[PDB]
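S.K.: Spelled out from the first residue to the last, the chains are:
Number of protein chains: 2
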Amino acid sequence: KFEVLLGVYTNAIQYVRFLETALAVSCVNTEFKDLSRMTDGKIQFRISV
Amino acid sequence: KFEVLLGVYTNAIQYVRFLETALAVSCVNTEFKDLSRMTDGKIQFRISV
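Chains J and K, in that order, are what the protein sequence lines are. Heads up: the first sequence begins at 51 in PDB author numbering, then just goes up one per residue. Heads up: the second sequence begins at 51 in PDB author numbering, then just goes up one per residue.
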């Protein structure tokens with residue numbers, strides 16, 4: 051006469067990449083080139099209308 | 051002079067079995083022959099968050 055263990059079950063998670071989501075439509079990724087910019091502030095960006 | 055029975059009729063029995071009904075859609079049936087020898091069952095899940 052016995053008792054049983056009828057099975058082990060474990061979740062598997064599927065990782066999400068940022069670019070696979072549609073949210074990347076709103077923002078544009080770029081290389082970490084902040085060193086060329088000085089004082090971390092954005093460049094003048096002269097605009098003429 | 052006479053009286054004569056017109057006919058004798060019997061019902062033919064109708065059998066229903068579990069696997070053919072739609073209810074079986076809910077279950078997964080494992081034929082476990084010597085079940086009476088079983089004390090307790092167990093299923094252990096691990097879920098990592």
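Think of the hints as simulated: they come from the structure by calculation, not from any bench. There could be a bad hint or two in this list.
Under the rule of at most 25 Å between Cα atoms (straight-line distance), these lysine to any residue pairs were calculated in the SDA-like manner [stated by the list, open to error]:
no. : chain 1 : residue 1 : chain 2 : residue 2
1   : K       : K92       : J       : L55
2   : J       : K83       : J       : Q64
3   : K       : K83       : J       : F52
4   : J       : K51       : K       : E70
5   : K       : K83       : J       : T89
6   : K       : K92       : K       : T71
7   : K       : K92       : K       : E81
8   : K       : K92       : J       : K83
9   : J       : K83       : J       : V99
10  : K       : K92       : J       : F52
11  : K       : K83       : J       : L55
12  : J       : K51       : K       : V75
Here are a few chain K residues that sit away from chain J, every Cβ distance over 10 Å (derived from the structure) [unchecked claim]:
no. : residue
13  : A74
14  : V75
15  : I93
Here are some, though not all, of the chain K residues that point toward chain J, as calculated from beta-carbon distances under 8 Å [claimed, not checked]:
no. : residue
16  : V66
17  : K83
18  : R87
19  : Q94
Note that beta-carbon positions come from the ideal geometry of N, C-alpha and C, so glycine has one too.
S.K.: Is the straight-line distance between the alpha-carbon of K83 (chain K) and that of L55 (chain J) 25 Å or less?
M.R.: holds, 17 Å
S.K.: Does the alpha-carbon distance linking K92 (chain K) and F52 (chain J) stay inside the 25 Å limit?
M.R.: Within the cut-off at roughly 12 Å; holds.
S.K.: Verify the proposed pairing of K51 (chain J) with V75 (chain K), using a straight-line Cα cut of 25 Å.
M.R.: Violated, because 32 Å separates the two Cα atoms, which is more than 25 Å.
S.K.: Report holds or violated for the interface hint on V66 (chain K), using the least CB-CB distance to chain J and a cut-off of 8 Å.
M.R.: Violated. Min distance 29 Å.
S.K.: At 10 Å, judged by beta carbons, does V75 (chain K) keep clear of chain J as stated?
M.R.: The claim stands: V75 (chain K) keeps its Cβ more than 10 Å from every Cβ of chain J (closest is about 21 Å).
S.K.: Does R87 (chain K) meet its interface restraint, that is, does its C-beta lie within less than 8 Å of any C-beta in chain J?
M.R.: Result: holds, 5 Å to nearest chain J Cβ.
S.K.: Please verify whether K51 (chain J) and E70 (chain K) have alpha carbons no more than 25 Å apart.
M.R.: Given that 25 Å is the threshold and the Cα spacing comes to 33 Å, the pair is violated.
S.K.: Would you mind confirming whether the straight-line C-alpha gap from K83 (chain J) to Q64 (chain J) stays at or under 25 Å?
M.R.: Answer violated: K83 (chain J) to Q64 (chain J) is near 31 Å, above 25 Å.
S.K.: Answer holds if the nearest beta-carbon of chain J is closer than 8 Å to that of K83 (chain K); otherwise answer violated.
M.R.: violated, 13 Å
S.K.: Is the shortest C-beta separation between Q94 (chain K) and chain J less than 8 Å?
M.R.: Because about 6 Å separates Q94 (chain K) from the closest Cβ in chain J, which is inside the 8 Å limit, the hint holds.
S.K.: Tell me if the straight-line CA distance from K83 (chain K) to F52 (chain J) falls inside 25 Å.
M.R.: Within the cut-off at roughly 14 Å; holds.
S.K.: Would the hint linking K83 (chain J) and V99 (chain J) be met if the CA-CA limit is 25 Å?
M.R.: Roughly 29 Å separates the two Cα atoms, so the pair is violated.
Consistency note: the structure conflicts with the earlier hints numbered 2, 4, 5, 6, 8, 9, 12, 15, 16, 17.
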